[PDB]
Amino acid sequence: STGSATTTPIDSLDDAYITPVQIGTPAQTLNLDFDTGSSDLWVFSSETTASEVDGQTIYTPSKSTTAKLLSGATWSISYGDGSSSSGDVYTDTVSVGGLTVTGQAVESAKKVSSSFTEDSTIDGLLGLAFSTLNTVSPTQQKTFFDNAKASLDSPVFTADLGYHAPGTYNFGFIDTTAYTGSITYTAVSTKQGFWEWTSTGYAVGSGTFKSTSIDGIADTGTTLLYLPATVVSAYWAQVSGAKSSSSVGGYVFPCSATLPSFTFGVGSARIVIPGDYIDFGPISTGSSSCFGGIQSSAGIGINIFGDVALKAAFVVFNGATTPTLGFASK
């Protein structure tokens, strides 16, 4: 089997991407944030505290003839941005782009933190990291990809995120029309539960490439590109007036600037992020200070190849017995 679904930016900045997902019988379609940095499929629901729901579409398990309470199971997750959610668990039928999994754990939120409530466009998350990170207790649950894998034509999914435009998540096949050149594959460590890999270096604009190993994670659920402070300083030093602002929480730059590109290495190959992809707009409405799309990972503990980086590539998440990642230009 295969599936193919369009993923759409939630706003004009590509702050996140939503993909429609069918849950239950008859189908209830929710727009979920596909997140290769986590491993829980959770949704706003009829169980979510009413004051914490503000415009999201909810899953109502009592209206699904295939929903079954997973008795005793609870979940609770905290994300790198400080947001969180928790609740109980049902199993139900879940379809993405024509690919159907029966018995998928659907984690129903009883509580969500303010950032989720405040984002009316995201109805939940669909985790695509390794199932070892799933938070369901006492019986850990499998991701949608893990449950689908055996049925897929090939044990892979691909992320093709757009810049200020829709893109595609495919399951079970590699669309050879969706990229240019060849796909370069690179090793993955699953030891932390992430799609963790080592970039071979970087360049700023037209500058020379610096060969240096950068371990990080391919994370569709993180907006920006978070890299070591040395790398980030070298980038912003090429932008007149750019500075790190403790009050804003990262590097800002004059909105009048033209940003240089940023290149990252995948083996001997190179992925070029155009400068425009690094502009996240005014820090506040009407400001002439703009927020940078490349930020330091120093306070995180891990480097994160988020959407800023991934949207410049066609990315293969290869879930073979030994997983690997593939990157192609597009």
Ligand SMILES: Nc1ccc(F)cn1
The other form holds:
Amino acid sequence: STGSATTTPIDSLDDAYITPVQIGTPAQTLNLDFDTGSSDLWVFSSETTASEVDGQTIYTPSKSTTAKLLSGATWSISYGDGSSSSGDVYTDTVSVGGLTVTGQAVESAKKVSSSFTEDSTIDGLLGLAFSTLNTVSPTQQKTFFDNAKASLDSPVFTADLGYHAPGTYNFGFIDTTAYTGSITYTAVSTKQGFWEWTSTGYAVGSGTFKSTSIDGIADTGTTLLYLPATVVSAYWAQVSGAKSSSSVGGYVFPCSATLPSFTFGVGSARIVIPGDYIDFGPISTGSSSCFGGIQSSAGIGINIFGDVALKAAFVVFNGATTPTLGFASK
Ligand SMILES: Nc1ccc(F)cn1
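Got the form solved without the named molecule; could you also share the form deposited with the named molecule bound?
So here's everything in the complex, that chain up top.
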């Protein structure tokens, strides 16, 4: 089998991407944030504290003839932005773009933190990291991809995120029309539960490529590109007026600037992020100071190839016996 679904930026800055997902019988369609950095499929629900729901579409398990409560199971997750959610668990039928998993664990939120409530466009998350990170207790549950993998034509899922435009998540096949050149595959460590790989280096704009190993994760659920302080300083040094702002929480730059591209290495291959992809707009409404899309990982403990990086590429999440990651230009 295969599946294919369109993924769309939630706003004019590509702050995140949502993909429609059918849950239950009859289907209930929720727009979920596909997150290769986490491993829980959780949704806003009929059980979510009312004051914490503000415009999201909810899953109502009592209206699904295929929903079954997973007895005694609870879940609780926290993310790198300080947000969190928790609740109980059902199993139900989940479909993405034509691909169906029966008995998928659907984590129903009883509580969500303020940043989830305040985002009316995201009805939940669909985790696509490794199932070892799933938070369900006392019996850990598998991701949608892990459950579907054996049925797929090929044990892969691909991310083709758009810049200011729709894109595609495919399951079970590689669309060879969706990229230029070839796909370069690179090794993955699953030991932290992430799609953790090692970039071979970087360049800023038209500058010299620096060969240097940068261990990091391919994370569709993180908006920005988080890299070592040395790399980030080298990038922003090329932008007149750019500075690291403690008050704002990262590098800012004049909104009047035209940004240089940023290249990262995948083996001997190169992915070029156009400069415009690095502009995240005014720091506050009407400001002429703009927030940068490349930020230091120093206060994080891991480098993160988030959407800024991934949207410049066609990315293969290869769940073969030995998982790997593939990147192509597009
Ligand atoms: N980096 C993040 C932040 C929030 C979330 F839900 C997932 N990933």
